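What follows is each chain in one-letter form.
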Amino acid sequence: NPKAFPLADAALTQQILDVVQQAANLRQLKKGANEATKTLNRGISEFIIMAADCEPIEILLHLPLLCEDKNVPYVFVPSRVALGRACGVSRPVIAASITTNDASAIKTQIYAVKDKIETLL
Amino acid sequence: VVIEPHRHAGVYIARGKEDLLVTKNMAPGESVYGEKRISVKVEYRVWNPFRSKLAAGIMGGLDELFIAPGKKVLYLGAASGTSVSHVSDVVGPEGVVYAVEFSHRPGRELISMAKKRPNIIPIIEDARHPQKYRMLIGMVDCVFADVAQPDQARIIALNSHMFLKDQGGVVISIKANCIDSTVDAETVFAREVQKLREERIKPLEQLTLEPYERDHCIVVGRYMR
Amino acid sequence: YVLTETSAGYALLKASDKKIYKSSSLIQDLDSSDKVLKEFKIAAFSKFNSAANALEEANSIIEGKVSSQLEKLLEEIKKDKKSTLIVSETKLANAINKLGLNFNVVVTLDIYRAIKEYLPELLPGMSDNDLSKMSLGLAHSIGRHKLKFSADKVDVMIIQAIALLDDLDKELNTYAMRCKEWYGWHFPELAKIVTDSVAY
Amino acid sequence: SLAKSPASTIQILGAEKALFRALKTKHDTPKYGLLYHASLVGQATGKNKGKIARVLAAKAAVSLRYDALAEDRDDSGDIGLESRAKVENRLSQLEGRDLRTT
Amino acid sequence: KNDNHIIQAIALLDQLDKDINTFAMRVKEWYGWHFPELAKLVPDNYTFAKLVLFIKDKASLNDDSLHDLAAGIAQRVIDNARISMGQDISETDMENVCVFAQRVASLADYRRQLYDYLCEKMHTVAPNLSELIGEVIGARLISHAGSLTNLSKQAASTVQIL
RNA sequence: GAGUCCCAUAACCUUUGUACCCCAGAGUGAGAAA
RNA sequence: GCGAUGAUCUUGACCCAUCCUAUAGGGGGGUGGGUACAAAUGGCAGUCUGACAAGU
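Chains as they are written, first to last, in the deposited numbering: chain A, 5 to 125; chain F, 86 to 125, 138 to 322; chain Z, 3 to 108, 112 to 205; chain W, 308 to 409; chain H, 169 to 239, 246 to 336.
Just to be clear, a hint being listed does not mean it is correct.
[What the hints assert, rightly or not] Mimicking BS3-like on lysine-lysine, the simulated pairs with C-alpha atoms at most 25 Å apart in a straight line are:
id, chain 1, residue 1, chain 2, residue 2
1, H, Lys226, Z, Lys185
2, Z, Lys151, Z, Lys175
3, F, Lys262, Z, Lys37
4, F, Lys229, F, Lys121
5, A, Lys7, W, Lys358
6, H, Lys224, Z, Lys185
7, Z, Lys67, F, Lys262
8, F, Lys262, Z, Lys121
9, Z, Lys21, Z, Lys40
10, Z, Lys158, H, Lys226
11, W, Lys324, A, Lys35
12, Z, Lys49, F, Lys229
13, F, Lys262, Z, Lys21
14, F, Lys102, F, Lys138
15, F, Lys229, Z, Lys80
16, A, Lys74, F, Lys121
17, W, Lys324, W, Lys358
18, W, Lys324, F, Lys212
19, H, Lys226, Z, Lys153
[Unchecked claim] Using C-beta positions, here's what the derived DEER-type ranges look like:
id, chain 1, residue 1, chain 2, residue 2, range
20, W, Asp385, Z, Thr113, 49 to 59 Å
21, F, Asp248, A, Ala86, 57 to 67 Å
22, Z, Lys175, A, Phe9, 39 to 49 Å
23, F, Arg202, A, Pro96, 26 to 36 Å
24, F, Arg202, H, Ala239, 19 to 29 Å
[Stated by the list, open to error] To spell it out: a stretch of chain A is covered by chain W in this simulated footprint if at least three of its residues, at any positions, have a beta carbon under 8 Å from a beta carbon of chain W; those stretches are:
id, segment
25, 36-42
26, 66-74
27, 112-121
Rather than coming from a laboratory, the hints here were simulated on the basis of the structure.
Every residue gets a Cβ at the ideal spot worked out from N, C-alpha and C, and that includes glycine.
Using the sequences provided together with the hints, build the complete structure.
Written as structure tokens, this is what we have:
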């Protein structure tokens, strides 16, 4: 998909799959495209991971629009089943938002990976 | 509720029981983005210095800002068609703004506002080939820039020496992070002012507009051929 | 001693800048780029303007944003090509396609700056506001359609289409009741027996 | 402008004041919105019509943003028809369900 | 000798004057997608819709005779048809706008012949009222009273109106 | 899991404008003008 | 050269003027307030929850 614009690679995709694993471990992420847009609407989500594998990709790429309108980071990993196993349900997951509280036990790596996303915009 | 004029006719202060900044209307009826209309009869549109970037530069102010109500304005700019409405509201029907954006995700809303506002000329090629949009423009009297993709100075340099006239004026919102993160504000800003005066645009003023948005200054410059 | 090509509103404007084929390219700002001075230097020669139609606008858009292959551009090319004179070319990407023709094509950016600043005063004779109106018309007409997809599947019309549905149903119910009352004054029975509006 | 919407909103894009008042008093929300007048949720019978209202909202969001943000789609309704067959066999396999015993 | 024609005749024509104003405004905002410039130059509803039925697509280009027959201002509209260009096309199904504008034309031409009908009907039913106060105020009076006999049996002080 | 159809096509209120009138009002009943 | 075929009739608050005591107040210049209608990217006004279900 040439229209899946920010797509990761091995190091940063491994880091974001690790941090989404720890976020699902303490259970403060949201799983699903419309739930990701709900979090984008109510401003809760720290950033968005999406899957540059969905058929067609326009089921997913609407939330980039309001995501950059609300200036949130948003990344593509190249496999929906990979980040589904990352988020810890048994289903192919198309998008996942990661919420925010400041008492979080993964706060510093969340901030590190979101600066890593913003380094490629 | 009383209207105060700035140095530039087109930017006013609606102050009174609430105090804020407004512009004129080149289109009556309604706020095209969802702000309040001050009524005096005469209508006045708020524009938020957060959701705009030139508006907070008016909250910075200038000895001579090159937007005047006869001064033809070019707007390379960010792709959103938000602030070009108020550049139109400043310039009135005698001047004209040419807004040039490439990514057509706000190109459609730009076309939508510019249909009901004949003050705006929408150019929908890239911001890097004025040789390609020659025939839709002639000898603009000012340029404004809000491009974030990192060859800001070189590409507004090419636009400013192709279309902006002699002894005209440039006004740029120079970003820090969108060209160079990890290096500080005044460093990358003085680097940009260095390459501008290398391109013989005489700089006049930079200021960071801090509480409205973080670490993006505006620089302004006289042009010298 | 030169002719220059510049596309202005829908056209190819050959402007005659009476100076040398090399010195007008060379000095070009010590040539006193003033209104009367460059107006007397760059005099009006030709303006191959096709029409104000959108098809001529499409020919102009293909000649501008891509290399010059317009038939109107060829017709303007067969209007001063008899001496291999200095025909100042405008675009830099449509320069090899300009050179692919039997002509003598040629800071020239600055003479185009001067030509552009003294075009709407006198050089076609046309109006400042009319040139800006034709330019904004061109931009709203065919620049957005040649970059973007279309506007044939535009969706803003369907809102007033369905508003016409709802208001036509409401208004037609009121007309039905008024006709049933008026002809019921001649026939008070049949509105009970055929309640259908259009059958009434 | 409705392509950038969650499918929950497209489940409830008509029953606005009923939804908001059933929030306001601590009461129970509606389940249809405007979508109740669709043929599939008409064909469903019970509260599984609310369930198929949810799944039709989801597949409508899918098909809706497909033909909204597509740039070259075939004007044919292919994945719309595919999702229609999906919700149709979903509907039959939930109308096979009956909570009363046999 | 029957005012039951006249009361619902006037209560019919004021309502249809309202909705032909509504439908002419809808024709205006629909044809703004084809002529966003014509709406300020030709403001009149009936002549507007009658020339919208005339010029379908922006292809006038040659004459002024038929445009003035629908009407100089014609010539300005003719030039602005090629200079405006803030306009879409939608020509393959603009024929519904062509049928709709002539539908407003047929409605507004049913009006004024209904108005001629009740001018005759107030000249025949209440001729003293039509001669003294006019047909419009006469029909409004007997409607606002309820009927002719009720208006008559009203006393002279309760002929108050708004 | 989860109250649409009480009409969000909305209902009310405000603002904009528009042709408007600014008097008692099951109006009072015999005076005005010199 | 009047009128039961209808005479008459109590006006929401004040800024320079025409009148009564070189400049200052009280009795046809200036004006608020409200009544019968169309529009709003005006306000009320906020766009449900999110992994289990079913059968053997």
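Going down the list of hints, with the structure as the test:
With a CA separation close to 43 Å, the supplied pair H/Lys226 and Z/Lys185 exceeds the 25 Å bound. Proposed proximity of Z/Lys151 and Z/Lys175 is contradicted: the alpha carbons are some 42 Å apart, above 25 Å. The straight-line distance between the Cα atoms of F/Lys262 and Z/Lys37 is roughly 13 Å, inside the 25 Å bound, and the hint therefore holds. Under the criterion of a C-alpha separation no larger than 25 Å, the hint pairing F/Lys229 with F/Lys121 is inconsistent with the structure, at around 39 Å.
Taken as a hint, the A/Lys7 and W/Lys358 pair is broken in the structure, with Cα atoms around 34 Å apart against an allowance of 25 Å. At roughly 37 Å between alpha-carbon atoms, H/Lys224 and Z/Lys185 are farther apart than 25 Å, so this suggested pair is violated. Of the supplied pair hints, the one linking Z/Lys67 and F/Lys262 holds, its CA atoms being roughly 23 Å apart against a limit of 25 Å. Distance restraint check for F/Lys262 and Z/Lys121: the Cα-Cα separation of roughly 9 Å lies within the 25 Å cut-off, and the hinted pair is therefore satisfied.
A threshold of 25 Å between alpha carbons decides the hint, and for Z/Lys21 with Z/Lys40 the separation of about 11 Å falls inside it, so the pair holds. Only pairs whose Cα atoms come within 25 Å are accepted, and Z/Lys158 paired with H/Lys226 is accepted, the gap being roughly 20 Å. Pair hint W/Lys324 plus A/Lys35 does not hold up; C-alpha atoms about 29 Å apart against a cutoff of 25 Å. Our distance criterion of 25 Å between C-alpha atoms is met by Z/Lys49 and F/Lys229, whose separation comes to about 20 Å.
For a cut-off of 25 Å, the pair hint linking F/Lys262 to Z/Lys21 stands: about 22 Å separates their Cα positions. As the CA atoms of F/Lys102 and F/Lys138 are separated by approximately 18 Å, the hinted pair is consistent with the 25 Å bound. For a cut-off of 25 Å, the pair hint linking F/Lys229 to Z/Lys80 stands: about 24 Å separates their Cα positions. For the given pair, A/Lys74 sits about 22 Å from F/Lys121 by alpha-carbon distance, which is consistent with the 25 Å threshold.
Taking the CA atoms of W/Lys324 and W/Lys358, the gap is near 21 Å; set against the 25 Å cutoff, the hint holds. Note on W/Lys324 and F/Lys212: the hinted pairing is violated, with a Cα-Cα distance of about 35 Å set against a maximum of 25 Å. Under the criterion of a C-alpha separation no larger than 25 Å, the hint pairing H/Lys226 with Z/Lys153 is consistent with the structure, at around 22 Å. A beta carbon spacing of about 54 Å between W/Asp385 and Z/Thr113 agrees with the range 49 to 59 Å that was offered as a hint.
Against the hinted window of 57 to 67 Å, the Cβ-Cβ separation of F/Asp248 and A/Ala86 comes to about 36 Å, which falls outside the hint. Distance hint check: the CB atoms of Z/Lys175 and A/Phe9 are about 47 Å apart, consistent with the given range 39 to 49 Å. A hinted range of 26 to 36 Å holds for the C-beta pair F/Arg202 and A/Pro96, which are about 27 Å apart. Range check, F/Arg202 to H/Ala239: about 44 Å between beta-carbon atoms, so the 19 to 29 Å window is missed.
A count of 4 residues in the segment 36-42 of chain A with a Cβ less than 8 Å from any Cβ of chain W is obtained; the coverage claim is therefore met, three being the minimum. Interface restraint, the segment 66-74 of chain A with chain W: holds (4 residues with C-beta to C-beta distance below 8 Å; minimum three). Residues of the segment 112-121 of chain A lying with their CB closer than 8 Å to a CB of chain W number 0, which falls below the three-residue condition for coverage.
Violated hints for the displayed structure, listed by number in ascending order: 1, 2, 4, 5, 6, 11, 18, 21, 24, 27.
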